[PDB]
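Next up: just one chain, as C-alpha cells, the form solved without the named molecule.
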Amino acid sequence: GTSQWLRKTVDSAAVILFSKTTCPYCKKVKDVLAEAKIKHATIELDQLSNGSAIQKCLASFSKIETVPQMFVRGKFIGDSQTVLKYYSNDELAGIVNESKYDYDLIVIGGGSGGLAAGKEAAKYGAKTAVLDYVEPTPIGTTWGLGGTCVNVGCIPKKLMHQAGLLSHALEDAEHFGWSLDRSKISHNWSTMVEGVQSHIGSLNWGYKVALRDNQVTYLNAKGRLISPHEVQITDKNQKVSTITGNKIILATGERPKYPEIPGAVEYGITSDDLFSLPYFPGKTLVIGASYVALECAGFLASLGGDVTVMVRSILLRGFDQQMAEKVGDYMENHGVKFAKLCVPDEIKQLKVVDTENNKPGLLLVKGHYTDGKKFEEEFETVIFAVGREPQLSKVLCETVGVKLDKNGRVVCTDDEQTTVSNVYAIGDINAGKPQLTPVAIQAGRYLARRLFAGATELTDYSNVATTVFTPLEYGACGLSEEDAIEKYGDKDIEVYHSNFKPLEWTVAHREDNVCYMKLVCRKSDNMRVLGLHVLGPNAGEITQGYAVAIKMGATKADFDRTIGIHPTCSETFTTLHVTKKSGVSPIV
C-alpha cells in the first residue's frame, strides 16, 4: 500500500527531496538547492505517521535507507555527499534539467482551471507550459488571458449586476433622507463597459505577470493533442510546430451554442459579445431560460432597457422549481417581459449595425407558441442563451484514445485521469462535474499537488453551493425539494420554510413577503439538512457559510442550537419552525 504510493510519487515528481525536519544534512541539501534557484517538492518523513515504512521503501529505488534522498524525474540522484559533489563540480544544473520531454506538464487552455493547475505545478519544480487561444466569435469579438469567467462570465456579469442593483440604492436613498430625485437620473452603457473592461484588462495583465514570476512558459497559441505526449501548436502567424510533455492537462472549456435557425449566427449575439459591446443593446430579446439568460436580462432591465425573455418550457431547468418560479415572478413584477412556451423560427435584418454612429441595428423575429399561435416582433438586439458546449474534436485527435461521453465531454476517474494514463481533464469539459469556476480551480490545484508533490487529497464534488445573480438573488446548497422527494419519498422529507423582509427594505417601502428560505430535511436520518435555499439580497454571502455545515453533515438540531446575528437576513435560518405539511402560512 505504501509501496505503491512511493513508486507513483517518485515516477511523476519532477524534482523531489525526501527529508526530515531535524536532520542538518537535509538542511545542507535544502540550502544548496535554494542557492541554485532549483524548485522542488519536499516530504518530511517525520511528519507522516508511516514515515518508517517510507524510509525503508525508498531503498527499493536508491539501495539506501537514510535521509536526504533527492530524485529527478524518477531517477535517484544521490545523498548529501553526492549532491554537493555535483554542485561544486558545476554538474548539478544539467542533472535537474535532464528530461525525455520538453515539459513536465502541458496545460491546454488558459482559464480558471488551467491557470490554477499550471501555477501550482510550477511551485514544485515542474517545467510547465500553459497554452491559451481565444477563437473569435462570429462578429469577431476576442479577449485576453484568463478564460470565460474573467473575460465573458462571472466577473463582468456580476459587475453589471452591481450597476443594476445601484438603481434601487438611488431609489431607497430618498426614503432614508437623501435629497436626490431618482426620476431625473439615467444610465450610460458605454461608461460602464469602459470601467468593466479596464478591470478585466488588469486581470489579463495580472495573470501574465503571475506566469512569468512562477517561470511558466505562456504560449498564446492553439494546442492540439496528436499523441499521448505530443502537442501541436499554431501561433498568431499560423506557424505550426510540435512540443512534448510528460503529463497533459486538458482545460479548454466551452463556448455558447446557437439555435439552428436562419439569421441566428448572422444577426444575433451571445454573452461572449455582450460584455464588451460598444453600443447599448436597446430593445432586446433574450432567447433562453438558463441562469445566464435570466441574469443578463435582469441587469439590462435595471439599467433601463426594454427586455423580453423567450422561454421554451421552464425557468432554470435543473434547479428547485418553486425557487425558480419565485425568481421569475420577481423579475416579471420589476419590468422584465416574458414570452412563455415559445421558440424562435428565424431572424431577419431590417437595419445593419451602425458601426460609425455607434448604434445597434434592427431585426424582425418570427417564432411560435407551443399551441401553434404565431410570434412576430421587432428588436434592436437578439441575445442567444441556449447553452454551452465544448468542441473537443478541435483539441483532440480521435486516435489518441481519450474517451468521450454522449455530450462530447471527457470521461474521467475520480482523480481527473482520462483513459490515457498520462492525460487528465479538469473544469467544464470533465463530464458530470458542476461547471463552476471555484470547482475548476480546486480540481486544478489538487491535481498538481498529486502529480508533482506526492499529495493524495481528492477534489470533493458533492453539495457545491451556487448563487444565481438575478435582480433578487437565489443561493442554494444541496438537493432541490423535488429531487429529495424523488430519492427518499414524500413521507421521509420535511420542509421548514419562512418568508422574511430585510430590515433595509422597511423604510424604503419594499415588498413584505417576497424573500423566502427553506430547509429540506430527512426525517429518518435525524432531520439531516439535504438542501438549503434562499431568495434575497446578498444570497451568496448568506449561503456560503452554511455550505461548510452541510459538508459536515448538519441537522435541523444544529441550526436550532446556533444563535442568530441580529439584525441580518441570514439569522432567519436559525429559528425556522413552520413545516409545509402543517399547512401554516409562512408569511410574517
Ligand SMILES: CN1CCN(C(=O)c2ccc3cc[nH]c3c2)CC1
Contents of the next structure:
Protein chains: 2
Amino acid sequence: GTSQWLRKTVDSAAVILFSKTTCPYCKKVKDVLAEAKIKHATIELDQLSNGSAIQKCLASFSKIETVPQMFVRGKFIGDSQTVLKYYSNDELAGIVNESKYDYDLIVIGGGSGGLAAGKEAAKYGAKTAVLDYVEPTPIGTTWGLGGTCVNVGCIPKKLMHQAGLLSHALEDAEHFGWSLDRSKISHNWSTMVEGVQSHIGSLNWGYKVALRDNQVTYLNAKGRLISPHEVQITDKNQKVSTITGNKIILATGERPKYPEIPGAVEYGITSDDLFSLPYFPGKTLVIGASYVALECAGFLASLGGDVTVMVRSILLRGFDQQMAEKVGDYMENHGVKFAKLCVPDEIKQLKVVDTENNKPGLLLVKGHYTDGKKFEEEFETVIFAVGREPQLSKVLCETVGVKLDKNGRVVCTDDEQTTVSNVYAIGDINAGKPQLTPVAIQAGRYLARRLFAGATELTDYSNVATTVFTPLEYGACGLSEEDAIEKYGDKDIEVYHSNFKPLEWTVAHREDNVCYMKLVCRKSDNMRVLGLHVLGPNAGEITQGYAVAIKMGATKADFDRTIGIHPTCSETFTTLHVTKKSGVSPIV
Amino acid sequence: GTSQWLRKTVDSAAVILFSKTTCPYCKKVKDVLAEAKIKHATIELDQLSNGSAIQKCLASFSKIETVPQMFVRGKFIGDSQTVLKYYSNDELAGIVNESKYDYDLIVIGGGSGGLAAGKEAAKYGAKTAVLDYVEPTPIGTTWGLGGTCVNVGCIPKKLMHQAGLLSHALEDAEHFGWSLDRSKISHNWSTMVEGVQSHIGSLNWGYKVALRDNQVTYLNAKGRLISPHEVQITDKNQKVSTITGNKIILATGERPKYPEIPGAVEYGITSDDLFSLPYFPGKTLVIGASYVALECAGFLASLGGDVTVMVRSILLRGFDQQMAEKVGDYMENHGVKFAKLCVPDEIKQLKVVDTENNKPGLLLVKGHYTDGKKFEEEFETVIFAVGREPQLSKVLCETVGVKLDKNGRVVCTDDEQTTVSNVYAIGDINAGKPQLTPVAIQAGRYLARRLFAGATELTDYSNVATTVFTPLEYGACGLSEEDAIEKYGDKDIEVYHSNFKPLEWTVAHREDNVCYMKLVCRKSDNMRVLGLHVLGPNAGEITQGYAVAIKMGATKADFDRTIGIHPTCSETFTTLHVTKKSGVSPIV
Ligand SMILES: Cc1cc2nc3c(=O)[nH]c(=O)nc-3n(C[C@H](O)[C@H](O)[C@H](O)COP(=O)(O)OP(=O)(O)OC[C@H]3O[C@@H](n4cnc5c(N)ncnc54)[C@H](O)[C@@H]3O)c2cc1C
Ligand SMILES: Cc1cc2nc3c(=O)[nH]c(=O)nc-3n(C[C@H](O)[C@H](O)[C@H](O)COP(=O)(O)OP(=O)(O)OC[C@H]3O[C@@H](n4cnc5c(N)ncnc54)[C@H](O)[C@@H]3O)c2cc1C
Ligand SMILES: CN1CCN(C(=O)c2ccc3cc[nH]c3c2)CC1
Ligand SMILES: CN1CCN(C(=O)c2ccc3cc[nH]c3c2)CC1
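Since the structure above is the form solved without the named molecule, I would like to see how the form solved in complex with the named molecule looks, so please show that one next.
The next block holds the full complex; its first chain is the one shown before.
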C-alpha cells in the first residue's frame, strides 16, 4: 500500500525532495535549490502518519534510508553531499532539466480548468505549456485568454444581470425617499458593453501575467493530440510543428449548438456574440429554455428591451420543475413574453445588419406550435440557446485511443484518467460531471497535485450547488423533489416549505408571496436533507453556506437547532415547519 | 426517569390527551374535543420508543393502562366512555375551564420573546394573557405592540440602512449604462420615515390580530409580580387590579441608558426617538461605539448628513477587533468623522426644537480627550448610544425571591427557570445569553412546548451568528481570533484569510482590497472551525448557512471539499489557503 504510493509519486514528480522539518542538512539543500531558482515539491516525513515506513521504502530506489533524498523525473539524484557536489561543479542545472520530453505537462485549452491545472503544476517544478485558441463564431467574433466563463459566460452575464437589477433599485429608491423619477431614465447598451469589455480585458491580461510569473509557456495555438505524447500545434501563420509532453490534460470545453434550419447560422447569433455586440439587439427572440436562454432574456427585458422566449417543451429541463415554473411565472409578470410549446422552422432576412450606423438588421421568423398551428413574427435579433457540445474530433486523433461516450465526451476514471494512461480530461468535456466553473478549477488543481506533489485527494462531484441568475434568482443544492420521490418513494419523503417577503420589499411595495423556499427530506434517515431550493434575491449568497452542511449530512434537526440571523432572507430556513403533506398554506 | 417526565408533564399541561394513531376510540375523543373548540396537547404513545413504559406509568395517575386518557391541569378526567358522558350531559365545558388561577400562563412583556411564547402556549390549550406597556421616552415618544425590534430596533434600522445602500446603487447605475446623474438627486427624510412607520403600523396591527385569533387575552397594561402567582396590573386610566396565573414568563426587555452629565436627558435623544423623528436630525453627534451607534451613524451619513461619532476607547467592544477596525476604517473613508479617545462632559441648549417649521434645535457639546485636551463643537442633534439596561425593580417585587445578578438580569437554569419554581425568564433579561431577536423567539417557543406539551428540547445558545449592518456589513459566527488564542494558545491556532472584490464592484470602480474574510481554526482538533468572519455586501445572507455547518462541527477540510457557487462573494470561503503564520499577503 504505502510502497505503491511512493513508487507512483517518484515516477510522476518532476523534482521532489524528501525531507524533515528538523534536519539542517535538509535546510541546507532547500536553500541551494531556492538560490538556483529550482522549483520542486517537498514531502516532510516527520509530519505524516506513516512517514517511518516511507523512509525505509525510499531505500528501494536510492539504497539509503536517510533524509534528504532528491529525485528528478523518477531518478534518484543524491543526498546532501552529492547535491552540493553538483551545485559546486555547475552540474545541477543540467541534471534537473534533462527530460525525455519537451514538457512535463501539456494542457490543451486555456479556460477555467486548464489555466488552474497549469499554474498549480508549475508550482511543484513541472515544466508546463498551456495552449489556447478561440475559433471564431460564424459572424467572426473572437476574444482573449481565459475560456468561456471569463469571456462569454459567467462574468459578462452576471455583470449584465447586475445592470438589469439596478433598474429596480432605481424604482425602489423613490419609495425610500430619494428624489429621482425612474420614468425619465433610460439605458445605453454600448456604454454597458464598453465597461464589461474593459473588465474582461483586464482578466485576459492578468492571466497572461500569471502564466509568465509562474514560468508557464503560453502558446496561442490550436492543439491536436496525434499520439499519447505528441501534440501537433498550428499558430496564427498556419505554421505546423510538434511538441512532446509526459502528461497531457485535455481541457478544451464546448461551444453553442445551432438548430438544423434555414437561416440559423447566417442570420441568428448565440451567447458567444451577445456579450460584445456593438449595437443594442432591439426587439429580440430567444430560442430555447436552458439557464442561458432565461438569464439572457431576463436582463434584456430589464434593460427595457422587447423580448420573447420560444419554448419547445418545459423550462430548465433537469432542474426542480416546481421551482422552474415559479421562475418563469415571475419573468412573464415582469415583462418577458413567452411563445409556449413552439419550435422554429426558418429564419428569413429582411434587412442586413447596418455595420456602419451601428444598427441591427430585421428578420422574419416562421415556426409552428405543437398542436399544428403556425408562428410568424418579425424580430431585429434572434438568439439561439439550444445547448452546447464539444467537438473533440478537432482536438483528438481517433488513433490515439481515447474513449468517448455517445455524446462525444471523454470517459474518465474517478481521478480524471482516460483510457490512455498518461492523458487526463477535466471540465465540461469530462463525461457525466456538472458543467460548472468551480468544478473545473477544483478538478484541475487537485489533479496537478496528485501528478506532481504526491497528493491523494480526489474531487467530490456530488451535491454541487448551483444558482440560476434570472431576474428573481434560484439557488439549489442536492436533489429536486421529483428525483427524491422517484429514488425513495413518496411515503418516505417529507417537504417543508414557506413563502417569504424580503424586508427590503416592504417599503418598496413589491410582491408578498413570490419568494419561496423548501427542504426535501428523507423520513427513514433521520429526516436527512436531500435537497435545498430557494427563489429570491441574492440566492447564490444564501445557498452557498448550506452546501457545506449538506456535504456533512445535515438533517432537519440541524437546521432547527441553529439560530437565525435577523433580519435576513436566509433565516427563514431555520424555522420551517409547514409540510406539504399537511396541506397547510405556505403563504406569509 | 420516564416516570419523572410523565409527572412533570401531567402536572403542568393545561389539557392533554394520551393517544395512539391507530385507535378509533382515541379518534372519537379527538373529534369531540374539536367540535367543542377545546384546544389541547396530544402525545401519540405509538410514536415514542418507550411508549410502553409511559402507558404503564399512566396507571399511577388514573388506575388504568389503556388509551385514550384525558387530563386537565393535573387531574385525570376520564377514558372514552367518561369524556363522551360529560359531553352529552353538557358538563365538559365546565370541567376543562376549572382552575385554581385566572390563567395557565401570564406573560409580562409583549415583545419578540413574549409574543412568541404566548402564541405557542395557547396552541396547546393554555389559557394565556400577554401584558404589554411602553413607558414613554423623556421627550414623550411611544409606540405599539411588538417590542424593541419591531418598533425601535432591527426592523426600522435595516429599512433605513437599505435607504442608505440605495445611494451607492444610484452611483453604480451610471457606470452600468443608466442615464441618471447622481449629483442632482437628494433625499427626503420625512418621506422615508412615513414609509417605515406605515410598515411598523402594519406589524402592530398584525400582532393584535394574531393574539385575537389564538384566543390570547391582550392587556395594554403595566405588570408587576408581587408574589409567585399574583400579577398586579395598572391600566391606562391608572386603575389597579390583580390577576393570578399558574406559570409566569418574564419577558420585559431593556431600554437605552443615558450618561450622568448635564443636558443629556433634556437635550439629547436615543435610538428610541430616532426612528420616528418628524424632522431630519441635521448635523449629528453620535456618542458611543456599539453596533447601534455605528449602524445609525452609517445610514445617516449615506443619506447626506454631517455625522461625527465620539468613541470612549474602542469600536464594537466584545467583537473581533481586527474586523472592528476594518469596519470603522471603511466608515471613515466614506464620510463618517470620528472623535477618538473622547467623552462628553455636558450639553448646552442654544436653540429649542422648532416644532412648527419642523426643524431641530442647536446644541453646544463640551468634552475631553484622554490626554486632557478639550472638545467643544456645535450640533443640531446628539444621539446617545451608550448601552441598554433592564429595570426589573419596576417589574418584580424583591420579596418574590427571584435572584438577579450584578447587572440586574435574571439568573436562570438552562431551561429558563428562575429561583422561583413556577417563574421563567426569556430574552434580553436572561443573564449571560446573546441579546438577539431570534434567540428570544426560539427560547419562548421551546419553553411553551415544554410547559404545556411535554416537550424536552432545550434552546442551544452556543455559536449563535450575528451581523452588524454598517455601510459595509460584518457577519460572524463563533469565536473572535483573540478569544481563540487566549483559550487554546497561539501555537494551536491557524487562521486562513483573504481579501476579495465583489464582481458588482468592478464596472462600478469600487475598492479592490477592502472586503475581507477569515476562518479561525484549532490545529489539534482536526482544524476545527472555531470562528468565521466576513466584511462585505450581504454579509448576513453569506453567514447564515455556515452557522448550520459550524453547529455540526465543521473543519477546514469540510470547507475545502465543498464546491463554490460562481460568481458570488460567499464562494471565497471554499478556497481559502493563505495562513497568517506564513506572512503571505491576503490581497487578491
Ligand atoms: C452563457 C454562459 C454562462 C455561464 N454561467 C456560469 C455561471 O454563472 N457559473 C458557472 O459555474 N458556470 C457558468 N457557465 C459554465 C462555465 O462557463 C463552464 O462550465 C466552464 O467555462 C468550463 O470550463 P472548461 O475549462 O471546461 O472550458 P472553457 O472555459 O470553455 O475553456 C476551454 C478553452 O480551450 C479552447 N480550445 C478549444 N479547443 C482547443 C484546441 N484544439 N486547442 C487549443 N485551445 C482550444 C477554447 O476555445 C477555450 O478557450 C456558463 C456558461 C455559459 C456558456
Ligand atoms: C437599535 C437596535 C437595533 C437592533 N437590531 C437588531 C438586529 O438587527 N437583530 C437582532 O437580532 N436584534 C437586534 N436588536 C436587539 C433586539 O431588539 C432584542 O434582542 C429583542 O427585541 C429582545 O426581545 P425581548 O422579548 O427580550 O424584549 P423586547 O423586544 O424589548 O420586548 C419587551 C416589551 O415588554 C415591555 N414591558 C417592559 N416592562 C413592562 C411591564 N412592566 N409590563 C408590561 N410590559 C412591559 C416593553 O415596553 C417591550 O414592549 C436591536 C436592538 C436595538 C435597540
Ligand atoms: C400546466 N403546464 C404548463 C406550465 N408548465 C411549464 O413548464 C411552464 C411554467 C411556467 C412558464 C412561464 C413561461 N413558460 C412556462 C412554462 C408545465 C405545466
Ligand atoms: C492602535 N489603536 C488605533 C485605533 N484602533 C481602533 O480600535 C479604532 C478606533 C476607532 C476607529 C475609527 C475608525 N477606525 C478605528 C479604529 C486600533 C488600535
